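Trainee: Take a look at the letters that make up each chain.
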Amino acid sequence: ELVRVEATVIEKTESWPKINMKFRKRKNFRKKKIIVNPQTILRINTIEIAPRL
Amino acid sequence: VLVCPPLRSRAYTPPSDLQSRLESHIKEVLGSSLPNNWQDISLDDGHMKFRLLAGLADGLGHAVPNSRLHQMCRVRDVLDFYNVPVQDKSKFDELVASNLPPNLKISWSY
Amino acid sequence: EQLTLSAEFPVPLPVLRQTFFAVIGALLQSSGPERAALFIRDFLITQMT
Amino acid sequence: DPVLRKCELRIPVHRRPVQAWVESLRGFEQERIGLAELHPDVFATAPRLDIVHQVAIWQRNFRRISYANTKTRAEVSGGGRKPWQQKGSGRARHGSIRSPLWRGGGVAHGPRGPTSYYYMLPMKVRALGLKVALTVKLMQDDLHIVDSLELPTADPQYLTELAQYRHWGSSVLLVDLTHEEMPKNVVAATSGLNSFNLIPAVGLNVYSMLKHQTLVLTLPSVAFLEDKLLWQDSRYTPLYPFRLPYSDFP
Amino acid sequence: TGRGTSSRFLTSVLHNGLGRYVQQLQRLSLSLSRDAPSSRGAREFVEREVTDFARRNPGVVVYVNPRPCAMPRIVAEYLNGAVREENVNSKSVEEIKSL
Amino acid sequence: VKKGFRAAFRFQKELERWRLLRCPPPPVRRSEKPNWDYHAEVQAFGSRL
Ligand SMILES: [Mg+2]
Ligand SMILES: [Mg+2]
Ligand SMILES: [Mg+2]
Ligand SMILES: [Mg+2]
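Protein chains in written order, with UniProt numbering: chain A, 156 to 208; chain B, 50 to 159; chain C, 176 to 224; chain D, 45 to 294; chain E, 2 to 100; chain F, 31 to 79.
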């Protein structure tokens with residue numbers, strides 16, 4: 156009852172490429188992985204309170 | 050010094066009077082006054098099959114492909130095959146004349 | 176800017192500004208005052224955040 | 045007068061025959077002049093494309109001879125002596141200026157001499173491939189049985205227009221029974237065309253059928269092809285080469 | 002790689018969510034070949050999914066250009082002025098639709 | 031001289047990139063560039079908002 160918070164979805168995207176390269180003898184430059192994750196952005200709109208304490 | 054008739058289209062639509070034209074040919078070929086059970090008359094005879102199918106192609110303009118002849122066992126099959134339309138329109142051609150939304154634009158560069 | 180018709184590109188700022196308000200004027204005639212007031216709030220009043 | 049043909053050989057009882065329109069080339073509109081029956085075991089075999097793959101590759105590879113060659117360290121000019129002594133110089137140890145490591149030396153693992161790629165597929169397998177190819181053309185409506193190859197005129201243009209008229213492909217392969225008796229009119233018209241090719245019946249092969257869009261067979265050749273292929277079924281193994289005299293075989 | 006690349010702060014184009022949300026994508030271009038195995042999947046996408054996508058998103062203008070082509074390609078342009086380009090060589094309908 | 035044209039084709043693309051950086055092209059209005067229909071663009075402008 157006390158508090159209401161509302162938000163909006165603005166963008167749905169992916170992260171920039173992240174390099175993961177495990178430490179191993181004979182590492183080499185091609186024993187490498189690229190990780191990209193999905194992302195979303197929210198904008199907070201309003202915060203409201205009511206006299207019900 | 051021969052001459053060549055102009056090329057035709059390959060589109061065929063079942064004529065409305067299919068039954069009348071089909072049976073009329075059958076009576077003429079059979080010459081037996083449309084015996085009952087006409088739909089199930091066997092076409093195994095070679096001479097009968099040629100006369101019926103050859104005449105129909107010339108008049109209607111549509112002929113059975115070489116692949117489908119062996120399937121024409123009975124007069125019903127000939128009746129069934131002729132009632133399906135054939136259209137040469139491309140899948141793209143149908144798309145263009147299909148009431149496209151206002152934000153979609155197409156152009157043919159070929 | 177993309178839809179503007181003018182003799183110089185890039186469009187000069189005084190020309191660009193004029194066409195912007197003309198669009199609001201066209202919106203006013205078509206849909207009336209209440210709609211345009213929401214238009215100004217959304218796009219101009221936001222710039223003072 | 046319909047032209048009606050029946051298979052000379054015995055069709056299996058459980059299999060119904062298949063048919064095609066007989067045609068003639070004497071005019072632009074003589075599309076249908078007859079009706080013909082074709083042995084189901086030839087023109088209605090199962091659609092096996094793996095076998096078609098094998099026979100096409102056999103034809104291309106069994107003739108191949110490659111003439112690529114390289115010299116080994118033994119065959120390059122010079123190189124006999126040891127360049128310098130093992131110790132003292134401070135260079136790498138070496139024993140000839142023509143080893144693979146050196147500029148101008150021999151090749152370690154290169155092509156060697158003329159090499160052949162010969163092999164033979166079993167005779168029954170090669171015969172089966174021909175049946176499958178003939179079946180494919182019929183089922184896809186690319187085969188046209190004709191009574192004879194006689195033509196009204198020898199002008200090459202006439203033949204091309206006829207193909208356009210009847211919805212044929214850009215490339216056409218024409219088969220006749222024997223080379224010696226082929227009609228004069230056909231020979232003159234085809235000889236000047238790149239894409240229209242005339243061959244005798246004995247020259248039919250899987251590879252040419254794939255290359256050419258539409259196949260044209262005269263009726264005498266149809267009986268010819270039916271006889272040879274069906275013989276491969278219901279035969280013994282050879283006691284000795286078939287060219288030698290046999291009781292019932294030509 | 003962080004020290005080898007640029008960075009920025011989180012932002013929005015024109016305060017997108019404050020008053021009203023506006024879709025940034027405004028134009029798509031797709032090029033095809035009539036008869037080429039590489040572009041088969043793109044052809045099916047036009048046959049099935051192109052019209053439905055246009056209706057759900059009415060603020061995007063879509064251009065489809067069949068022409069002799071070696072690689073089918075898609076170009077996307079945005080209101081802020083960015084341009085992005087993607088190859089669609091020999092991809093399935095599902096891959097293109099999700100992209 | 032190696033056999034093949036694909037490497038030569040690729041390198042032409044990079045020469046294009048280098049030339050652009052050194053000599054940036056003058057701006058042009060989008061109307062001149064391909065894939066433009068004025069009527070359709072205007073309608074999407076309204077629906078966008
Ligand atoms: Mg030596
Ligand atoms: Mg010695
Ligand atoms: Mg030595
Ligand atoms: Mg050498």
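Do not take every clue at face value.
Unchecked claim - Listed below are several chain B residues computed to face chain E (Cβ distance under 7 Å; list not exhaustive): (1) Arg70; (2) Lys154; (3) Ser158.
What the hints assert, rightly or not - Once the Cα atoms are required to be at most 30 Å apart in a straight line, the calculated DSS-like pairs of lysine-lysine come out as: (4) B/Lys76 <-> E/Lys98; (5) D/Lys272 <-> D/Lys255; (6) D/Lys115 <-> D/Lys168; (7) E/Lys98 <-> F/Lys33; (8) E/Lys98 <-> A/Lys177; (9) E/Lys92 <-> B/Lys138; (10) E/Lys98 <-> B/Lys154; (11) E/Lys92 <-> B/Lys76; (12) A/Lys167 <-> B/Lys140; (13) B/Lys138 <-> D/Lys255; (14) E/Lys92 <-> B/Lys154; (15) E/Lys92 <-> A/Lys186; (16) F/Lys43 <-> D/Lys255; (17) E/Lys98 <-> B/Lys140; (18) A/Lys187 <-> F/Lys63; (19) A/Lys167 <-> E/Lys98; (20) F/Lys33 <-> B/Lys154; (21) F/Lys43 <-> D/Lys115; (22) A/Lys180 <-> A/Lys167; (23) F/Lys63 <-> E/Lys98; (24) F/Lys43 <-> E/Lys92; (25) E/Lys92 <-> D/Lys255; (26) F/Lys43 <-> A/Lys188; (27) B/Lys140 <-> D/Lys255; (28) B/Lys154 <-> B/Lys138; (29) D/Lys168 <-> D/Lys228; (30) F/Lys32 <-> E/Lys98; (31) D/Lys115 <-> F/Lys63; (32) B/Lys76 <-> D/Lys50; (33) A/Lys180 <-> E/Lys98; (34) E/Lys92 <-> A/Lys167; (35) A/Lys173 <-> E/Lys92; (36) E/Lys98 <-> A/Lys188; (37) A/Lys173 <-> F/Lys43; (38) A/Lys180 <-> E/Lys92; (39) A/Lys167 <-> A/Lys187.
Keep in mind that the hints were calculated from the coordinates and are not lab data. Ideal Cβ positions, reconstructed from N, Cα and C, are used throughout, including at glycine.
Trainee: Now look at each hint and say whether the structure bears it out.
Mentor: Structure-based check of all given hints:
no.	hint	result
1	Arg70	violated, 36 Å
2	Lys154	holds, 5 Å
3	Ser158	holds, 4 Å
4	B/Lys76 <-> E/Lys98	violated, 57 Å
5	D/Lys272 <-> D/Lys255	holds, 23 Å
6	D/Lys115 <-> D/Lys168	violated, 43 Å
7	E/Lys98 <-> F/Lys33	violated, 39 Å
8	E/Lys98 <-> A/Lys177	violated, 35 Å
9	E/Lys92 <-> B/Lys138	holds, 26 Å
10	E/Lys98 <-> B/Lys154	holds, 18 Å
11	E/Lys92 <-> B/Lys76	violated, 57 Å
12	A/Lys167 <-> B/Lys140	violated, 35 Å
13	B/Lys138 <-> D/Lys255	holds, 28 Å
14	E/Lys92 <-> B/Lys154	holds, 23 Å
15	E/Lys92 <-> A/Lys186	holds, 27 Å
16	F/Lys43 <-> D/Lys255	violated, 37 Å
17	E/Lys98 <-> B/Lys140	holds, 19 Å
18	A/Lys187 <-> F/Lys63	violated, 41 Å
19	A/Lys167 <-> E/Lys98	holds, 16 Å
20	F/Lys33 <-> B/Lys154	violated, 43 Å
21	F/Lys43 <-> D/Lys115	violated, 40 Å
22	A/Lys180 <-> A/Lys167	violated, 39 Å
23	F/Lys63 <-> E/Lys98	holds, 27 Å
24	F/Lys43 <-> E/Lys92	holds, 24 Å
25	E/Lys92 <-> D/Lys255	holds, 28 Å
26	F/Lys43 <-> A/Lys188	holds, 28 Å
27	B/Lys140 <-> D/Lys255	holds, 28 Å
28	B/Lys154 <-> B/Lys138	holds, 20 Å
29	D/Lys168 <-> D/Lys228	violated, 36 Å
30	F/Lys32 <-> E/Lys98	violated, 41 Å
31	D/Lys115 <-> F/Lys63	violated, 59 Å
32	B/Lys76 <-> D/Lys50	holds, 27 Å
33	A/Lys180 <-> E/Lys98	violated, 42 Å
34	E/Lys92 <-> A/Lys167	holds, 23 Å
35	A/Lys173 <-> E/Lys92	holds, 25 Å
36	E/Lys98 <-> A/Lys188	holds, 26 Å
37	A/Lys173 <-> F/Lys43	holds, 28 Å
38	A/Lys180 <-> E/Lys92	violated, 38 Å
39	A/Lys167 <-> A/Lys187	holds, 27 Å
Hint violations for this structure: numbers 1, 4, 6, 7, 8, 11, 12, 16, 18, 20, 21, 22, 29, 30, 31, 33 and 38, all remaining hints satisfied.
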